[PDB]
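Participant: All chains should be modelled from the sequences, with the hints used to inform the complete structure.
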Amino acid sequence: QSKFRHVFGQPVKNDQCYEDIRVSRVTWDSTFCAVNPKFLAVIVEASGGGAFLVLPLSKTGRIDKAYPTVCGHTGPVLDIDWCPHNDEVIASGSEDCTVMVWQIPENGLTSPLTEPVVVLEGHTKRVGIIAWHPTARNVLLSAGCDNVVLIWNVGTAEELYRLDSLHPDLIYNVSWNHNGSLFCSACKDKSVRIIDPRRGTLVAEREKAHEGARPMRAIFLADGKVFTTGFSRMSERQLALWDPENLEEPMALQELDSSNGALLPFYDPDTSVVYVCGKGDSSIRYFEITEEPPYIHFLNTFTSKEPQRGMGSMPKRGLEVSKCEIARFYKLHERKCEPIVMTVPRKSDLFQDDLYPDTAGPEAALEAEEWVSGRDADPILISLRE
Amino acid sequence: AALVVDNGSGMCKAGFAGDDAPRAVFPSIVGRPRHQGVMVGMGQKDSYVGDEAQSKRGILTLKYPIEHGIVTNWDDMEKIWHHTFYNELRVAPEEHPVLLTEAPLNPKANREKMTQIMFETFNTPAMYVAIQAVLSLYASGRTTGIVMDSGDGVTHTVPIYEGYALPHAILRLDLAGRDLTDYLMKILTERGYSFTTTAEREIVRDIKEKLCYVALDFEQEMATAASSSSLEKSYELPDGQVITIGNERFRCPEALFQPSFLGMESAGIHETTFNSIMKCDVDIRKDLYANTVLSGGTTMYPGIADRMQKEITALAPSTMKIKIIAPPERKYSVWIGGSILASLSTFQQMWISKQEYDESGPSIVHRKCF
Amino acid sequence: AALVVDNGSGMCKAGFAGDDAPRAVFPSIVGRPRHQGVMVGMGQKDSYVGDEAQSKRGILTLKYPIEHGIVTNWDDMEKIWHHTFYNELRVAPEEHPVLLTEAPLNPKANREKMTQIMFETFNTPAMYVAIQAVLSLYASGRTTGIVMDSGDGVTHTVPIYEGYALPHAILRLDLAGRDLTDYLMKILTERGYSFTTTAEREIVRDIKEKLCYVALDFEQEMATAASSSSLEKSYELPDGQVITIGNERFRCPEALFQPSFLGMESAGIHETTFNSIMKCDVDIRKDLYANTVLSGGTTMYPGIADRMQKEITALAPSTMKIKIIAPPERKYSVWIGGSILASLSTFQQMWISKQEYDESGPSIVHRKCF
Amino acid sequence: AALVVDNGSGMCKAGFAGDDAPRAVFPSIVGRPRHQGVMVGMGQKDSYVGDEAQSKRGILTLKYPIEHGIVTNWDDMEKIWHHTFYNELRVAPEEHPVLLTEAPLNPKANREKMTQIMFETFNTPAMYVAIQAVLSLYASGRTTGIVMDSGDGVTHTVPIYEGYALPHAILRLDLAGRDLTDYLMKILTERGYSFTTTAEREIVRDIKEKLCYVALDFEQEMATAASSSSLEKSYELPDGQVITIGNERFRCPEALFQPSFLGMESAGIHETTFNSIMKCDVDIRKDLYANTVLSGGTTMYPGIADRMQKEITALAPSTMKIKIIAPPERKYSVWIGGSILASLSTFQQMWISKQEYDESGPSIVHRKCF
Ligand SMILES: Nc1ncnc2c1ncn2[C@@H]1O[C@H](COP(=O)(O)OP(=O)(O)O)[C@@H](O)[C@H]1O
Ligand SMILES: Nc1ncnc2c1ncn2[C@@H]1O[C@H](COP(=O)(O)OP(=O)(O)O)[C@@H](O)[C@H]1O
Ligand SMILES: Nc1ncnc2c1ncn2[C@@H]1O[C@H](COP(=O)(O)OP(=O)(O)O)[C@@H](O)[C@H]1O
Ligand SMILES: [Mg+2]
Ligand SMILES: [Mg+2]
Ligand SMILES: [Mg+2]
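Chains as they are written, first to last, in PDB author numbering: chain H, 9 to 394; chain A, 6 to 375; chain C, 6 to 375; chain B, 6 to 375.
What the hints contain is simulated information worked out from the structure, not anything from laboratory work. Beta carbons are placed, not taken as given, at the ideal position from N, Cα and C, and that holds for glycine. Some hints could be false.
Here are some chain B residues pointing at chain C (derived, C-beta under 10 Å) [said to hold, decoys possible]:
#1 38
#2 39
#3 40
#4 42
#5 110
#6 114
#7 178
#8 265
Facilitator: If you want it as C-alpha cells, here you go:
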C-alpha cells in the first residue's frame, strides 16, 4: 500500500503542446529533450551542422518554422542537458567531437544563437553523454564513443580528470550518484561499473548484468543502489536492482515484454518512483522501489496510441504543487512535443506534505575547486510549499 | 466503488461496479398531478419519479425527460438522477465515480450538460460517458462483433473488430420500443380499444411486452391469423375489462423490420445491421457475420433472433455463417458491460476527474470519451 | 550455425545454413492500426509484423519497408529483422553469423546501412551480403549460366561463366510481382471489382498467385477467351463474394513480356535475358543459352518456362539450344543457394568480422562483398 | 447539330454542340411515391424525374441511378435520358448524334450498355463516349495540363501533355460531393439537427453548396471557430426552422484533403494530383505543375484553389511554379469542352455510326473510344 499506487497520466490539450517541431532523426538513443522550469530544449534536425530548439515554456501551440535555434555545432547534436544550478545555461554534445555550453537569454532567442560561451575539446569522436554534477558548481561530465569519460570545468574550460582505461567498449549512459562522488555507467560488454572519478579507480563492477546484446541502462538511486534496464537472450526487456555492496546476484529481476527499443529510466528521488520509458513505445510504466521485497513494485502503466521519439522530465521546482502533480513528462513525437502530467488523486485541495518532501534546490552545494580536494556535500534542499 | 448508471429513453438502470445485475431498475418517468387535491393534511408531493409515478399514474401526467436518447428536459433529468442516487441506491454521488451511457451520434451538448450536472450539481469525483453498444460487447466477453442495441428511444449498430471500432460504419435509427408502443396504440383502435392518455400508454407497453412476438414469416402468419383463432390471446385491463388481440401480436414488432408501417423511409433493423457490416472492410465482414450480438429490451421479442438470422442470411452470401447471439439477459447487457468496464484496472486512467473539469470546462468530455 | 536471411521486397525467408528449406517464411509487411481502440484491457500492440499483420489486415494499414529492392523505411526494417530473429527463428543474432541478400545495381547506401544495423543493433559476429542471382546458381549445382531472378520488387539477370561474373552484362528491371499486383489491381475494375485499400491489395495478390498463368501465344489466347468461357475461373473473397475473371488471368503476367502495358519503356524479361547474353563474350553465349535459370516467386506462373523458351529461341540463332531451367522449388532458390554458400568451408574466410567493421566502418562491405 | 449530355453521378447537363452553356440542367434523380394517393382524378404519375421530383420530394423516395459514376439502375437511367431528350431538350434523339461522358477506370459493361441503349432504345444515328477530364481540358483552351475533375460521385485526375494522355498516370477516387453530403449529415447531428430521409439529404446538399468553404489552414481555422462566433452562419429550412452551423462549414470540405475523416485509407485530392504528376515522365512534370486545372461542382468551394496551391507547393520542389487554374465556370467545364469537341471538323470521323454498331455489337465502343 502506497500513495503512489494511484498515479495516472493526463496529457494536456493541443494548445499547450508544442507543434511544428522537426525532431532530429539521429539513431543515437538519448532523451532528445531537456526541460527546466524556465525553457524547453528539443534536439531538432538541421539542414547543415546541428541545432536544437530552445523556447520558453509559455511559447506553446504552433512553433515558427524560422524560429531561431541554437546552431553552433558542425554536426548533429546527440544530447543536451540544462545546468541544475543555472536555468539559463545549457550544455550540448554532437558528432563534431566537442562539447559546447550555451547561455540562453531570459526572454529566449531572438536571433539564431551560434557562438557558445565555452567549447570543450577532449574527445576524438562523437560525444553522446553529457551529465552535470549534482552538487559541485561548474563541473560537467562528458562521455563519447572513444570510451573515455572527461570532467569539464565550464567556468575555467579546464579538464580536471581523464579516465580512458575503464571502459573497453561502447558506453551507453552515465549517471551521477546522490552526492556526486561516484557515477555508474553501462558498457557494450554487458558490464555495469561504478567509478570514482576523483581517484580514477573502479569501486565496483558487475559483469554480464543482463544477457542481452541490446543496449542497457544503469542509474544511481538516492539510497545508493543501482537500477538497471536490459534484455535477455530472447530480447526480453528486464529491470534489475543491484546493491553495490552485494553484486553477486541482483536484488530483483523482472521481465516486462519482448519488444525492441532501449528502456530509458526516469527516477524521482523524492518519490522513489522510476518511470520506464522505451524508445518507440507508446506506454510509460512506473515502478516503486522500497526496502520490502521484491523491491520493485509495479504500480500502473500510462498508455497512448502514438510512439514517442524522445522524453523529457521536468524537475520538482517546476511542477504544479497545488494540483498534486509529482511528475511532468514532455513526450516527443515526430513533429510534436506533448507534455504529460503525472498526478496523485487527492480529495483535499491543500498542500500535501507527504507528497512533496524537501527537494534539491538550484543552489550548488560546493564549487569545482573544493570538489577536487575531495570535499563532498549533499545537495541543498529547498521547500515546495511556497 | 464506482457507480454504473445506464439511462435509456424508457428505463433507468443503476448499480455498483463489479455486480452482475443492476440494483435499481425503475421507469425513467416524471409525473405531476393534473387535478386539484381536496384532501388536506395528505402527503401529496409536487412530482413523482420512477415506480412512484407508475403506481399513481391514474392521476398524473407522465413525462419522459429522454426522447430518442436525447434529454429534452434537464430539470426533470436532475430529479431522476437525484432519485437514483439518494432514493434507489442510497449513496452519496460525491464519494463514487459515475459511469454514464449514451447512444452514438448524439448531440454534443447532450453529453456536455451531463458532464456539467454531474460535477456541479452532484459533485462527483470522476465521471465517464460510454457508448451503449460498446458496453454490450463487454458483457458477451467478445472483442469482435457487431452489436445491434435497440432500446426505448434509439436503435444503433456499432461494429467492433479486434477491439477497434469503425465509426464510419456506425448506423443509428430513431425507431425503438416507444415507436412500437405508439404503433400498437394506433392499431388497437381497429378492434375498438382506445388508449390515449399517458397512463394508458404504459398499459399498452405492458401488453406489448407480454403478448407480442416476431413472426418467422409475416405473410404466412397473416394467413394463419385470418383463418383461425389459434394466435388470439386475452389480456386483462387494470379496471377488470378483458381485451383480445389477434394479428396485432406480431404486427407491432414487424415495424422493426418494415419501418414503412410507421411512415418511415429508413430500412429495417436487419438491413441496418447488414448495411453496417457492408460499410466495414472486406477482411472483417466474415467475423462480424458470426458475431452478431443483440442487446436492449426491444430485442426481447420471442423469435426475433430466428427472424434476424433468416433475414441476414438472405442478404449475406450463402458461404457465410450467420450466427445471432441473443443471451437471455440481453436486456441488461449495457449495464453488465458497464459494470465490467468500470471494474477494469486499465480503465482507471480513463476517468474524467474533477480536476480536468475545472481546467477544461464541460468540453473535456469530447477529448476523453468516445 | 550460420543464419541465411533472404530479405526480398515482398517476403522474408530465414533459416539455418545447411538446411534444405527456410524455417520461417512470412510477408515483409508492417501494419499499424488506422482506427481508434475502444476496448480497454485488450493486448493491442502498436504495430504488427509478418503473419500477424496479414491476419489482422482488416484494421491495419500495411506498409512494405522495401520498395524495389531498396529499403525505404529503415525503422520498419529493424522491426522485421527483430521479428525474424527473436519471434520466428527464436535465436540470438549475436551468436550466429548472418548472410544477407541484395539485388545488383542497388544504391551503395542501402548495403552500408544493412552492415551498420547488423553490427550495431544486432551485434552479429560476422556478416555478409550476397547477390541474389548468384545464390540461385548455387542451388542449381552449376558454375555456368545466366540467372533470371524475378521477385516482388526487382527483376535482374546476372550471367556467370565458369564461376566468373560479367558485371557489365548485368541488367536490372524495376518491373516485378508488385507491379503485376497493381496492374491486376487496375484491370480488375473492368469487371466492376473495386479494390483500393492496402489490405485489398493482399487479396489481389492472392488472386494472382492462384489463377494467373502465362499464355504461350498471347494473341491466340485473347481470341480463345473472347469466344468462350473455358478460361474463366472463380475466386471467393474473404467476405464470401465470388468473383470471376477471364482474360485477366493471362493479361497480368503478360506485362512481364510487354512492359508497355504499364507505360514502361523497358523491354520484357525475355528480351532482357537475351540482351544480357549478347553483352557477354561470343565464346560463352552458347553455354549461357543452355543454362538459363529461373528464380524468384514471379517465375512461378504456369507456362512461364515454355513462353521464355519460345521467346528466347526467336531471338537466339536457330543453331543454339535454348534450355530454360525452372526447378519446382525455384521460389526458394535464393535461400537454398545461400544455405549452400554459407556451409562451404572455403567461404568461412570471406565473412566480414566485427574487428573489420570496427576499424573500417560500414564502408567495408564495398571491399569484401561483390 | 450534335447533342452533348454530361451524365454525372448527381446532376445531368444537356445541350447542343456549338453552344457555350448547357440548355437543360437538372438533378439526376428518379422519385416514386412512398404513400397512398387518396385523391381521385388528379394526375399522379408513377415516377418523377429531375426538377419535378425535386419539387415533390416531400412525398417521394429519391433514387440516384448513377452511383460513383457507375449506373446501378438502367431502367431508371432510361427514364432520365427519355426526360432529357423529350421533355428538356424537346428533340428527337434519332436525328442528332449524341456525345456522352464517362469517368475513367469505369467497368467496361457500363459503356457497353450505354452504347446498346443509345442505338436500340433511342436509335441515335451516332454516339461517342469521352472522358470527363479530357473534355475539361478542351474548355480551358489547353493541350497540356493535369485536370482534377471532381463531381458528385468520382474524383479523377488525367494528366495530358501535348495532346497525349498518360493512362498509367490516371488516378481515380470514389470520394466526391455525395460523400461530403453524407459526411455533413453525420456531423450536423452534433448540433442536434437530424436529417435521415432522401428528401432531407437534398436539403443538406443545399446547405453544403451555400455555407461550406475550404479553410486555408484547417488547424488555425478550428481554433478561430472555437474562440468566437464570427464563422457561424444561419440557414433557413423549408419549414421555417433556422439552423446555425460553425466549424461544420469547413470540416465537411476538409474531407477532400483528409479522407481519413470518412474512414477511407486513400490520399487527399492534393496528394492524388501530386501522385498522378509524379507517375508521369520527368520532362513533363514542370508543365503539369503550372497547368493544373480544376473541374466539377465539388471544386466550387470558396478558397479551394488557394488551399490546393498551398498543399501542392509543399509537396512539389520549390523551384517549380504551382499554378491552379480554376475558371469561374468550371462547374460546366466538362460540358463546354464536350461542346467544343463535338463541333470540331476533325472529330466527325470519330463517331460510332449505326452501321459500325450493327456489325460489331456493343463491344465496338472499346475500340473507337478511349
Ligand atoms: N419482454 C419484452 N418484450 C418486448 N419489448 C420489451 C420487453 N421488455 C422491454 N421491452 C421494451 O424495451 C424498451 C426499453 O428497454 P431497455 O433497452 O431495457 O431500456 P432503455 O431503452 O430505457 O435503456 C421498453 O420501451 C419496452 O417496451
Ligand atoms: N505461385 C505464384 N504465382 C505467381 N506469383 C507468385 C507465386 N508465388 C509468389 N508469387 C509472387 O512472388 C513475389 C515474391 O516472390 P519471392 O521472390 O519468393 O519473394 P521476394 O520477392 O520478397 O524475395 C510476390 O509478390 C508474389 O506476388
Ligand atoms: N457551389 C457549390 N459548392 C459546393 N459544392 C457544389 C456546388 N455546386 C455543386 N456542388 C456539388 O457538385 C456535385 C455535382 O457537381 P457537377 O460535377 O456539376 O455535376 P455531376 O457531378 O453530377 O456531373 C453536387 O453533388 C453538389 O453537391
Ligand atoms: Mg438501452
Ligand atoms: Mg527474391
Ligand atoms: Mg461531372
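Participant: Does each hint fit the structure? Answer for all of them.
Facilitator: Now the hints, each set against the structure:
no.	hint	in the structure
1	38	violated, 31 Å
2	39	violated, 29 Å
3	40	violated, 35 Å
4	42	violated, 38 Å
5	110	holds, 5 Å
6	114	holds, 7 Å
7	178	holds, 8 Å
8	265	holds, 7 Å
Checked against the numbered hints above, the structure violates hints 1, 2, 3 and 4; every other hint is satisfied.
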